[PDB]
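The data below hold one chain only, encoded as structure tokens and taken in the form deposited without the ligand.
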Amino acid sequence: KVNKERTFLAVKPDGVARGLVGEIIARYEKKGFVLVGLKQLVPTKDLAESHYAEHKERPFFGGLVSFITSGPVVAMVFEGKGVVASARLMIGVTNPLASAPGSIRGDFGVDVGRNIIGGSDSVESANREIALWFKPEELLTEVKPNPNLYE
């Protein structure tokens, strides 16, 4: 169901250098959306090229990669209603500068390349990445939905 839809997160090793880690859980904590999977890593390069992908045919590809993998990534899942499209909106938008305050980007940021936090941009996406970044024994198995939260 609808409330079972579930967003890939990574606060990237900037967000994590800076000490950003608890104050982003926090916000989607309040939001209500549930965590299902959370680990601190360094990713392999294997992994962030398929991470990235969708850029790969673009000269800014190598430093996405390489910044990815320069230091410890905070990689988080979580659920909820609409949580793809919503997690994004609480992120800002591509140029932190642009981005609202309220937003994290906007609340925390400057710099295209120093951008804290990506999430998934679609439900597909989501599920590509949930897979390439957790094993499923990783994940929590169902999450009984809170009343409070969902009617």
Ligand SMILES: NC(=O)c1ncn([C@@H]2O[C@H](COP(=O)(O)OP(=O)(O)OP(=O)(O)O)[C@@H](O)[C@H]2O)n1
The other form holds:
Number of protein chains: 6
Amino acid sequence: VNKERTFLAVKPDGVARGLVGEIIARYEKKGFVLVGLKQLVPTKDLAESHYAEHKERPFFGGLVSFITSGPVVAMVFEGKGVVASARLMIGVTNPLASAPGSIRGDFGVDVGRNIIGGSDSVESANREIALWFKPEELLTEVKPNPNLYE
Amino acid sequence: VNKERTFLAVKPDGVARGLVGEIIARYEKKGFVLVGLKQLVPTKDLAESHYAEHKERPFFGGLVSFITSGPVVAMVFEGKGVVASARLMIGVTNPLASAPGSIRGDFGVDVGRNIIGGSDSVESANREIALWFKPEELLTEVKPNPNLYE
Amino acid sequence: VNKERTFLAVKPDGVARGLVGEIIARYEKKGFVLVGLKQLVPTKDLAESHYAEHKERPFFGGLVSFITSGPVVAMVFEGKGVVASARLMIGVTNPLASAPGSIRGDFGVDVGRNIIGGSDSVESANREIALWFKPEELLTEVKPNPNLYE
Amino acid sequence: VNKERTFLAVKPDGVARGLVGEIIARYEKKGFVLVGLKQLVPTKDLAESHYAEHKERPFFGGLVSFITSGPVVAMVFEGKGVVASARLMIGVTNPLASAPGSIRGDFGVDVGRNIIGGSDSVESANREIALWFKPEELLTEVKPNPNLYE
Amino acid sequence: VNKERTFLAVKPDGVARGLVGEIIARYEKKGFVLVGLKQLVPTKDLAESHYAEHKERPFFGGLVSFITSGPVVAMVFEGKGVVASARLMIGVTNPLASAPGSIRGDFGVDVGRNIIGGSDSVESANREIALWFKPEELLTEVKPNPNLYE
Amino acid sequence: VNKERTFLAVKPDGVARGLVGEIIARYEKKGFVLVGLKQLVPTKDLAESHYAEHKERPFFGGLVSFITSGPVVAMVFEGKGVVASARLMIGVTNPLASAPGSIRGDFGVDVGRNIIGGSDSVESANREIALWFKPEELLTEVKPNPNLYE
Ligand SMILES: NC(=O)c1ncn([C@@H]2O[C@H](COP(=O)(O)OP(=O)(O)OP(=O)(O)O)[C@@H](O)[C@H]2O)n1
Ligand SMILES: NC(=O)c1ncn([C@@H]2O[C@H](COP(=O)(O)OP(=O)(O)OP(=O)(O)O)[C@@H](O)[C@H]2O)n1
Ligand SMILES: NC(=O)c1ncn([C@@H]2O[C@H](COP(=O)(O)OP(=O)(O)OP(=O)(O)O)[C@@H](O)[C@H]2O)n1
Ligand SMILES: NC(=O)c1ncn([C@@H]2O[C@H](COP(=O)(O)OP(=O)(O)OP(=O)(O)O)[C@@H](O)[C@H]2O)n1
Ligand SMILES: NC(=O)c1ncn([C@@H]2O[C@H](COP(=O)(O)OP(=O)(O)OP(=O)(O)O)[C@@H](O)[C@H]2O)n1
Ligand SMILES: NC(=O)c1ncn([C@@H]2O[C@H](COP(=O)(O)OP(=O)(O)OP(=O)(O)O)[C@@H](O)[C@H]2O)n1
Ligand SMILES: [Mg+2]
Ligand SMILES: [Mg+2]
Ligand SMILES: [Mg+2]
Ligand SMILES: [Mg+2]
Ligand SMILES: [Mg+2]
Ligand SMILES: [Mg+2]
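Switch from the form deposited without the ligand to the form deposited with the ligand bound and print that structure.
After this comes the whole thing, all chains and molecules, with the earlier chain placed first.
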């Protein structure tokens, strides 16, 4: 359905490097609709809950550390196959290996500072969305451009 | 001081036309820092409180009406003389009379649908900011690029 | 009713310098609608008819000469106060004196090679439009973004 | 030889979403030359003739339907291997599966509304060109930037 | 004559904020030709010689100080009325008072950190050029796009 | 330690087509730091020394010929894995086969006129760097954005 939603977040480096507008603009141009948007400073709780799947990973330390060292602009986009498309537009985990045209490919160089993050599946999305947004912080009335869908 | 803050809001038409990223990007490029950011649907209360100065104005009707017909992404930018600069970057009330290069000048044509709004004075700002954001929704730790100020 | 239409034309230098897309994109971004569009090579007739008002002027020679030395993409845009707005976005006759942000201001340096031309009044428009386009080469069903006007 | 030509067309959704300039600009930047350009509203004849190869596929219905629901800006570009290159710049049939950087990859989400179409072979080109343009609507004197070729 | 040349320099903050390409790109788009280009770290000598006219003003101190705190990419552009046009594209001394569309207007906020500097007269140019470049570091064979001039 | 440096050069066609700013801007946006930058006209010596590996190749003739037919802006960028990343951003030898988003993919069409060149290995880099720049023409104090690496 055209109501699939994904969770995306501009990490501290992204926000600090002034890439918030640029990134949002890409998804707006793609046709996806913004249903949730806000800036905050992740709490160590939220951080570990979010990256829960890596708690036993060597990098989990600095990750949670960094992810809370400054503001993060979290957002939710809605659209047909947005979860898979958003990832594609982001690139791969290593910015250096990301193709030109993708977000990481155009702006990053270090795996630790890769500008943005986003849900890797509809499952992970729903979870991460609920985890970061309160029900009333998300639109319900989503009306996209009529020139978008058939 | 370099801690001046202004209130800016992408009106429904702006948000609907997909200009959120583009607009934010301009202020980020200018050097101003994002201290507050969120999307919501203005309530008739907030609407009238915001445009309180025009309650006796002929257009006050449709204004408050429209301003709540859909999502609005409100935001707060901080920086040296941001209130006056932000207005300058916006243009004048009538998009048609706004110079190329300014936001309204580049995207609008109707006074009723002029993409964005912003505080016209430090006074109006403080008021509008407090009016739209809750104290904890705004950063306190604002560290701009060091290449920005002397 | 606000369907005012204007005639704009990317002169040979503009077309040759590959600025067609760029220029169209600006007016599209502004909100104006494209009702007529085509590329051709002006005939000495059309040329003199077009610049009829300068037939006794000392430059009329090279003008008509140049304006037909290569392709020209003529177009018609429709929208509220488009004639005046389009001129504003173009700049002034001398590119060097045109402000940054305007078309001539951003791309030209010589009065003889100023990238684009456009009707300077609703009168001149109607005349120039009819002069360059055949009635069936122009849309009649013009439906703009429902977010542009109120 | 650098005389190869291809047929490209901004479909109604593309035109309606205001992507005409943007798209033309990409091909101009690539180095290809514009030999034919015009806006029109496809007739059911032209439509079926164009998509003749799909008269049986379960989508031929809505396709021809849509392709004529509004203006389309058809165009012809000339240059070394333009047919294959143009397709590459477009992406694949499904916008969601198209890579960032390509036209569909950057602007579309639905297979039915994929912004643009273009000849898939020199054969299909010649046919589609002749089908859409009258001989005198195409330049013959094509002089590209000298810096493009060896 | 279209031989006029001006001296422009991206100051340390500009270079540090990664605006070198962006700035050069503007002048290239305008039609001016690059005759000299290089990156270096101004010496206190060069610095004071350059800003010789301000040796008394209360800011000459930090100015010379800053202008040598890091790399600077100096450059020379050639073209009809380039000195006046370049300044226009830069804006005014105070970035906050510079119009959107101009370099300072779009990227700076502090008079002390105004991204770029440029000769304010043909006189000042010749002097500053000779002062920063060695005769063989400047082209002599300057051939601009033929579409720029009449 | 990640100060890997690479040598890149905007060939005559690139410089002539006015793509210098655009190209530099991409690498600046990527996060790489500019350590060396200058414009010159390659001497037949430098040319053959540079393309030494192709002296017996059938194209070596016109190559060296062209590479010295006009100005070239040589530059050195420093950053984590810059040599491999820079190549990726450039595309493949044939512009037509280069993906959208890469430099050649977006601007070139002919293998002979492919806008830019860059070291294909750390080995080739060191060699080409030393070959094109004098030790004091390269920075030593390289301080990148503190947000780029962890
Ligand atoms: N050194 C490594 O092997 C490694 N893997 C991940 N990381 C850092 O941790 C974040 C999450 O890792 P993931 O494997 O989920 O990658 P991702 O899917 O691209 O990231 P995200 O969840 O933040 O969108 C990554 O975004 C990155 O900052 N380092
Ligand atoms: N028809 C009129 O004369 C008129 N004046 C204002 N308006 C609509 O009401 C909004 C607020 O008016 P203001 O005079 O405050 O203009 P503004 O300062 O540019 O707007 P804002 O407060 O929304 O930033 C305007 O932004 C516009 O949408 N119509
Ligand atoms: N040297 C002069 O004083 C002079 N005045 C005009 N011109 C050339 O002639 C074209 C037509 O003159 P106009 O005064 O009508 O220019 P415009 O109103 O700015 O633009 P356009 O005619 O092309 O729509 C101009 O666009 C320009 O190329 N040279
Ligand atoms: N639902 C489907 O399975 C399907 N297949 C095609 N389509 C729509 O019909 C157009 C023509 O199909 P093609 O396979 O020829 O697409 P194309 O090669 O990418 O583009 P075009 O014909 O429009 O140049 C496509 O561009 C697309 O709009 N829908
Ligand atoms: N605080 C002040 O009153 C003041 N005045 C000048 N400045 C700094 O010194 C630079 C030189 O002053 P100018 O008045 O010559 O500025 P300009 O004409 O815009 O630029 P430039 O000399 O750097 O080409 C200015 O560009 C600016 O960085 N601060
Ligand atoms: N026709 C051919 O098969 C052929 N191969 C190379 N060339 C021309 O010679 C330049 C140098 O060849 P390379 O294979 O080293 O190219 P590259 O590695 O992609 O780039 P560069 O040498 O310029 O850094 C190429 O950039 C290209 O202009 N033509
Ligand atoms: Mg993950
Ligand atoms: Mg107001
Ligand atoms: Mg006129
Ligand atoms: Mg097909
Ligand atoms: Mg000065
Ligand atoms: Mg090589």
